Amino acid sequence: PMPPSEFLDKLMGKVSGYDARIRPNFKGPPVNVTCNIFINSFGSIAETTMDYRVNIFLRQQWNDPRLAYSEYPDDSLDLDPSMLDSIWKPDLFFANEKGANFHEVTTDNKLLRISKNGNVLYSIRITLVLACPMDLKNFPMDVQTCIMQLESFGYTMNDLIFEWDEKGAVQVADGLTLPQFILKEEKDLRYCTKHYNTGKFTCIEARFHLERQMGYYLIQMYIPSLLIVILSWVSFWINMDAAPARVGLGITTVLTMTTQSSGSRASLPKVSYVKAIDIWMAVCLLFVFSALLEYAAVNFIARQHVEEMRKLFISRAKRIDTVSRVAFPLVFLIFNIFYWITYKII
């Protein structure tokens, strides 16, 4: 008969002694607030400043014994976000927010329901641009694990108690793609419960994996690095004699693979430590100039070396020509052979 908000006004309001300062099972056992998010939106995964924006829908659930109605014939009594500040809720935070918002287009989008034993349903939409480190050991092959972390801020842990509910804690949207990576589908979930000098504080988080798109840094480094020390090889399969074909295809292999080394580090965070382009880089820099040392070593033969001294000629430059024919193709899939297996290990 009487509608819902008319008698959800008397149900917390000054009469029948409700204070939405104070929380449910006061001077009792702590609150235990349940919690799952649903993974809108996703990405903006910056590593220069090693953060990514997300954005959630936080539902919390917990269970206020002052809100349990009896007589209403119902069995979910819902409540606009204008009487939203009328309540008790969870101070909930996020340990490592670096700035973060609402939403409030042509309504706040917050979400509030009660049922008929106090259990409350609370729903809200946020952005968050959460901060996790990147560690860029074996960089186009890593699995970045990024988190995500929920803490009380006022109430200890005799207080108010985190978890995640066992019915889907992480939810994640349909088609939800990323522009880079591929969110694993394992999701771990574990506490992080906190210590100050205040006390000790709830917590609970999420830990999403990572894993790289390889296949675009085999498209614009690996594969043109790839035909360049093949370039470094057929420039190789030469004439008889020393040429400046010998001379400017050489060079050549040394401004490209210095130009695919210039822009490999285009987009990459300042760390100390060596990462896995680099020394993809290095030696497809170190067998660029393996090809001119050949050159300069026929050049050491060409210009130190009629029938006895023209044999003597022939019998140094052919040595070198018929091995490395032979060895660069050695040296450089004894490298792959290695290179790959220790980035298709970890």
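C-alpha atoms forming the largest set that superposes within 1.5 Å between two forms make up the rigid core. Numbering follows the first chain given and starts at 1. What changes on going to the form deposited in another entry:
Only one entry in 189, 173, 271, 240 has its C-alpha moved by 2 angstroms or more between the two forms when the rigid core is superposed, and that entry is 240. After superposition on the rigid core, the Cα of residue 251 moves by 2 Å or more between the two forms. Residue displacement note: residue 296 has its CA displaced by under 2 Å between the two forms (rigid core superposed). Once the rigid core is used as the reference frame, the Cα position of residue 287 differs between the two forms by less than 2 Å.
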Contents of the next structure:
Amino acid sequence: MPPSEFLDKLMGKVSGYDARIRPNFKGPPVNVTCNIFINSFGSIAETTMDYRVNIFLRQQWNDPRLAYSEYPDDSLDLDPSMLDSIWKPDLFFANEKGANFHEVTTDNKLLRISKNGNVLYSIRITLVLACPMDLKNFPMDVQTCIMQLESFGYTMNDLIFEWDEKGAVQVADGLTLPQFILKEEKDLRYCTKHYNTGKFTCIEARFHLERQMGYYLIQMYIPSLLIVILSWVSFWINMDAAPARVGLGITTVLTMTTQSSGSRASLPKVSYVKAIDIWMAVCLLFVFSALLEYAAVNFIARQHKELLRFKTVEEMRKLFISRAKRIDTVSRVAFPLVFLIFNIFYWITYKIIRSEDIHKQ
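Starting from the form deposited in one PDB entry shown above, please give the structure in the form deposited in another entry.
For this one, just the chain is written down, with no partner chains and no other molecules.
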């Protein structure tokens, strides 16, 4: 008994199978369960607000036709090249920045058909997907990225889409991201779409990504800290008159402004203020304040010298010098202390907000 005669028997010009007609026509909507296997997640760009994922898409539906009930085997794996002679549903992705099918050697496809009529359809697809990330807290944040599967041409009365009760979303073993940690939560919900044309089914899968803090420390938090320490050296060491303190102050201020511009390089231009902006602004304020402190002490020394040119005169020299030394020593102790206070509030507030986000999620 040849397989060929069976293959054209089911689907052919002698069979009444029209591939342009939905199963259960003039009937209850076609229920379709959708399964996702993630082969390779990654390539997340804040500039373009998108990420690229290579997935395996499995969708199962039951057709009343194509129930063979002849061969002694429950299921049979069929050729991928015959997938044009059946009723595949029309499933697109809403937030799509273009996608390409895989044609390495033969088509990366799969067809299976059971005795009752159940069809299993599996497709490999690279999907560039748009994620509108919110960078309110840039180095420490959780981003939720959306995958939506929708019916372009069929309203709710036909082709309803559902998720799979067990193992709807899977991930390949040992799949890692250099910048992000994928969270094994993957909350699944469905949001229907309303248009003037009609009401169309959609189902959504949500992925949670946290940011590694290892890179951001070394790149942008340690060097800014070092520049603040460099500004700190001027107070406890250099004499009141120096052609170097002004140099140290201008070099530290200029490097901080270049570093501040540096931080906003990969980042897209956005109106709101990020956490990294708050840190760089405070460090720039500290360095600027250090230069202004030296400026104030130099000016007090100028009054000492101006009065000096004009015993009774000796009484005021000591008070100006004591004032200059007093403000120098108090600056010396105060600026690392107030920097420490800023660090403990900044770090604990971002820690708590980090805990806070999961409740909304």
